[PDB]
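One chain comes next, on its own, written out as structure tokens in the form solved without the ligand.
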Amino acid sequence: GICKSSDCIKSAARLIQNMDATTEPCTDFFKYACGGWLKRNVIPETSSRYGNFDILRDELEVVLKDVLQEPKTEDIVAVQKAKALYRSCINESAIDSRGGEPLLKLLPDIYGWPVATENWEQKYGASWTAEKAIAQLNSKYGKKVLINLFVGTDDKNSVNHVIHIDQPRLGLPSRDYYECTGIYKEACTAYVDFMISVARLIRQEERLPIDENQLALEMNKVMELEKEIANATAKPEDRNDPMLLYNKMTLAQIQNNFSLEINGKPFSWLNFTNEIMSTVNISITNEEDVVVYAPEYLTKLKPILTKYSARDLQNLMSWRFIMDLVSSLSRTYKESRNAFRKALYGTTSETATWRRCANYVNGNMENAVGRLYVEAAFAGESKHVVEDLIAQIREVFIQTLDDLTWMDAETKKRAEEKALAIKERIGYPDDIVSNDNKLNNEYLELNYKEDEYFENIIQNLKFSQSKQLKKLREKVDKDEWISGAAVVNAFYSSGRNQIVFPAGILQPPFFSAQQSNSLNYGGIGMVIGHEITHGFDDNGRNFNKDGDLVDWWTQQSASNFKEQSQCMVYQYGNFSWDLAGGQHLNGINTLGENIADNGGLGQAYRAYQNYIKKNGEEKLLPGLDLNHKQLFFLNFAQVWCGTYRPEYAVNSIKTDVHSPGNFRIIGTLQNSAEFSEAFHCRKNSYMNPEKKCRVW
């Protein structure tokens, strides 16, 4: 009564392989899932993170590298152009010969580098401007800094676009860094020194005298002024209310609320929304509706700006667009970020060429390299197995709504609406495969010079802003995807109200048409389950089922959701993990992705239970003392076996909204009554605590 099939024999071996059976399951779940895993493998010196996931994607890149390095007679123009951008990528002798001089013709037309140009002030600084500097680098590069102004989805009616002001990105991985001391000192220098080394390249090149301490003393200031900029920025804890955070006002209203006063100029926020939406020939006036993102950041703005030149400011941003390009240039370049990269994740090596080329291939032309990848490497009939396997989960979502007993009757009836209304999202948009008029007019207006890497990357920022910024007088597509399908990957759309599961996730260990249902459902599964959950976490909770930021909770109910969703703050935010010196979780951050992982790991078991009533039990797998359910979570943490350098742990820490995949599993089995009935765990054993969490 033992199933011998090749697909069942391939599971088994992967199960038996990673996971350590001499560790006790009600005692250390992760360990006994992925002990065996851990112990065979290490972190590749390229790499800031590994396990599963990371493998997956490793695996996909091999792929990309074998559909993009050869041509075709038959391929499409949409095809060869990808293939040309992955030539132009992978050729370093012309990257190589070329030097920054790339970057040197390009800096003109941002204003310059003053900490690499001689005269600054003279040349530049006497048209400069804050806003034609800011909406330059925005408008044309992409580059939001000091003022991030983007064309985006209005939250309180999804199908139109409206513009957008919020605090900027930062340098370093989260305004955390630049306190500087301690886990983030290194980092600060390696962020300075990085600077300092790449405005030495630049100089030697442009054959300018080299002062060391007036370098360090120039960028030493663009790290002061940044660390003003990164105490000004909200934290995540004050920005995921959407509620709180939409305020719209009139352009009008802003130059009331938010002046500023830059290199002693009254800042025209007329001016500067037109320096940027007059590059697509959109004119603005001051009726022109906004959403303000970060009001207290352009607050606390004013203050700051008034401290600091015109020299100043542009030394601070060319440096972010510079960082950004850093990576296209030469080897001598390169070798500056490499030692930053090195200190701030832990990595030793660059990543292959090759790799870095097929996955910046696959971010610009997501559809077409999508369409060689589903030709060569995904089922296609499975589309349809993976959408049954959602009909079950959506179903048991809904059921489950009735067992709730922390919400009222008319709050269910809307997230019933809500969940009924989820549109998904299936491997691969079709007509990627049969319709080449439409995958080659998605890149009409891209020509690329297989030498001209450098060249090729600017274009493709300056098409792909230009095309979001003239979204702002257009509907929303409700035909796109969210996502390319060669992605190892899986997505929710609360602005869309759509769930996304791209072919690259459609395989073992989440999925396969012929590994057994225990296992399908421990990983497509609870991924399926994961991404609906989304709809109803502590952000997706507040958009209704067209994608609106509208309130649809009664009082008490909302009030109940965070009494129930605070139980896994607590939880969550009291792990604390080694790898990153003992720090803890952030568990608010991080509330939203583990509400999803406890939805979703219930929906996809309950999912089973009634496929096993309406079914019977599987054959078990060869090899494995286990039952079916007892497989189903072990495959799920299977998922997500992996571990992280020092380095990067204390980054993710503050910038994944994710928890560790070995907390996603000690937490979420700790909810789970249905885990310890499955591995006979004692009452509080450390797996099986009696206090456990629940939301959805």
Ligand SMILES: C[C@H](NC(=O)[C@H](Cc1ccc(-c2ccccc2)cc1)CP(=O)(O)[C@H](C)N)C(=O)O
Contents of the next structure:
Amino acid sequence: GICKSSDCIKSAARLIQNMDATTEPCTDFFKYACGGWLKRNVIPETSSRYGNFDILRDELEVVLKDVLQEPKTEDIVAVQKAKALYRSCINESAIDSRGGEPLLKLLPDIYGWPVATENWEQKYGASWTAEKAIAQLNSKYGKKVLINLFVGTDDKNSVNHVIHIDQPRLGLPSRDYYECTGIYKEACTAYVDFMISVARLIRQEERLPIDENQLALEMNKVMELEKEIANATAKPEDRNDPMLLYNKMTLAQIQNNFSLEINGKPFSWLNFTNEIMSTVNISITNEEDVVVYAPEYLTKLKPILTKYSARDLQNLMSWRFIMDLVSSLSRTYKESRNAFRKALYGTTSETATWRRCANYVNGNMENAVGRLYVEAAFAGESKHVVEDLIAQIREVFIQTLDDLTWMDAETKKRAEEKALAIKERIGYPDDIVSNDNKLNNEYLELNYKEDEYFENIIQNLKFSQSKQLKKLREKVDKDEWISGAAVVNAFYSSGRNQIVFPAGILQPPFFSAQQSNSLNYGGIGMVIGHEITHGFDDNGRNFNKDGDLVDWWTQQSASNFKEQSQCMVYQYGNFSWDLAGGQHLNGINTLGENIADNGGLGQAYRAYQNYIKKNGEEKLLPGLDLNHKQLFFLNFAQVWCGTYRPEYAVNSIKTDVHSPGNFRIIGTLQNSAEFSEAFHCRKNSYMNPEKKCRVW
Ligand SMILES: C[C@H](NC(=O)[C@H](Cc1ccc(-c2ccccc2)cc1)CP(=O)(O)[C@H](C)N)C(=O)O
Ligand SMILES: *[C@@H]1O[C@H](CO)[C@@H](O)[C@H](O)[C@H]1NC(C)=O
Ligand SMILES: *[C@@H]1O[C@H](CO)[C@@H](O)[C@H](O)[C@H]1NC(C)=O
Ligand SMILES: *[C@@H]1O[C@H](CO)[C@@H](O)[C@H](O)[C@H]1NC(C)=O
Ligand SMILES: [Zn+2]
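Mind sharing the form deposited with the ligand bound? What's above is the form solved without the ligand.
Up next: the whole complex, starting with the chain shown before.
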């Protein structure tokens, strides 16, 4: 009863080549599953993380290249526009020829970069105010500095949009970096050197005098500034409670409760906010309702900003934009980022231009690219099979509610309510293939010149931000997908109560209609349960069946959730990560992902058990002395065969809310009685601790 099909031969070969059978499954299942891969592969110079999963992403880019790189006569305008955008991006000769000129022409439009001008105070300081400058960068270019104001969905009323105020992102990957010692020293040094190098190129290009000492002096004050901001931001661990984060005020309240004085204004929230929203002919009453995500940070800001010049503030503000633009200019400008990206990512070269460009067009025209992708690469009836798997796993979640001892009856009911109400999205929106008019009209207001990449990217920034802003007074569109099709990932949205499985992730090793069921459940099955369980993790349990932030938990059941989940905070917090210098994972920041992983694994396996019940056992795979329960776990694990550059491990231990792949594997299986049954693991073997965490 060995399966001998070509599809079985492909699966088996892949499983064999990745694994190391010389390792005991019960000693370290990651090494058992993945030790073959580890030994054979070295992380590319252009990769910060590399592994089976990242390889799928690499392989998707190859498809994008194929479908973008050749004009076809029947191409509708939406597709012509994406191909032209592609072409403008890969023409390095045209870009190199422009030097930094396309940046220099921009600079006057954001109130300048003082470091890199003469007499900035005379030109710009006159008319400068922080209201105007912050708003310009925000509203025109989508760049949010000092104070992060955005239109988004209303957590407590999911059909509506509202203005939000939050702390800004930083130039370094997390607030931690701004310690600037030890493992962060090189990044902080590279960051300031990067500032300086760019200011120098700009001055050289402007034929201005260059005084290195004054360069160093101005850019160090930028760092000192952003240090204070960083230190003023709230930690992720203090931002993990959506009920606590949601503070709805009026602009009046805001003016009265969070005053700032910049360059001696002081600061008018009404004016700042209108100077943004005026940009889509929208008018803001000092009686406008606003969601304020970071009250404490605004409070802390007041003392900081009062100490700095307009010139100081704009040196940071404009750097934070210029930062992003340099890799879209000529080689000298591209070059200047080298040490910085090495410090953050460990990479010694940039990815191939065509790959960066394929990704850029994908990111900005996700529907046009998704259409070409699914036409090239996506079966068509994958969709129907996946729809049915999702039905199954949803049922298994529902059914499991009854075995869970730590909730009461009523809370279970509402949990089931929320399960039945999750709306699933599989592969791609049929629209993007079937409705040419709609797709064209999405990009109507865009027109790309093939010789002007920089103008094209700027146009995109302006477009996407004008687009987001105008949404204020409009309802949330219930049709809209939260991902393009051409993406190797999946998603849950709490505002929308929606799970999304783009075509991009519906392929081996996760899924094929042609691969064994054990593989499908331990792969895409696990991913489905993961996304579902997000509706019920420490964030998405606070949102109800309709995506509104409202407490549907009893006191006891909510306290019990915390208790059950605390086990995982401790388990994963106790993992130390060699590649990140021996640091422990953050068990709080990874909690939600770890809950989804552990829940999803249990759900998928149950669903497979049920499959076997109903359908009988599957023919075995050749070359593998494993049964299908064992294969389920093998395939599960091999999703995460991979490794990290040390520099990136230091980054993602802070910035990634997922555990690193090896610990996703060890974590979840440590917690699975089923795993330990399958591989006959001794009690208190490493893979089989007596104490096991469970939430869903
Ligand atoms: C790769 C990672 N994405 C994920 O982990 C899941 C999708 C997912 C979930 C579980 C697995 C998994 C597979 C095998 C074994 C363990 C976990 C793989 C992908 C998507 P998600 O976390 O909902 C993200 C927020 N969109 C990321 O965005 O960086
Ligand atoms: C790159 O753009 C320049 C603009 O002058 C053009 O001359 C050249 O033909 C383009 N290269 C290609 C191969 O598209
Ligand atoms: C905002 O206030 C500034 C202060 O000079 C003023 O010049 C400008 O007209 C105001 N803008 C709006 C949108 O009210
Ligand atoms: C490690 O686990 C122990 C046992 O629960 C716990 O007391 C400790 O706080 C954990 N350490 C971390 C950093 O999670
Ligand atoms: Zn997740």
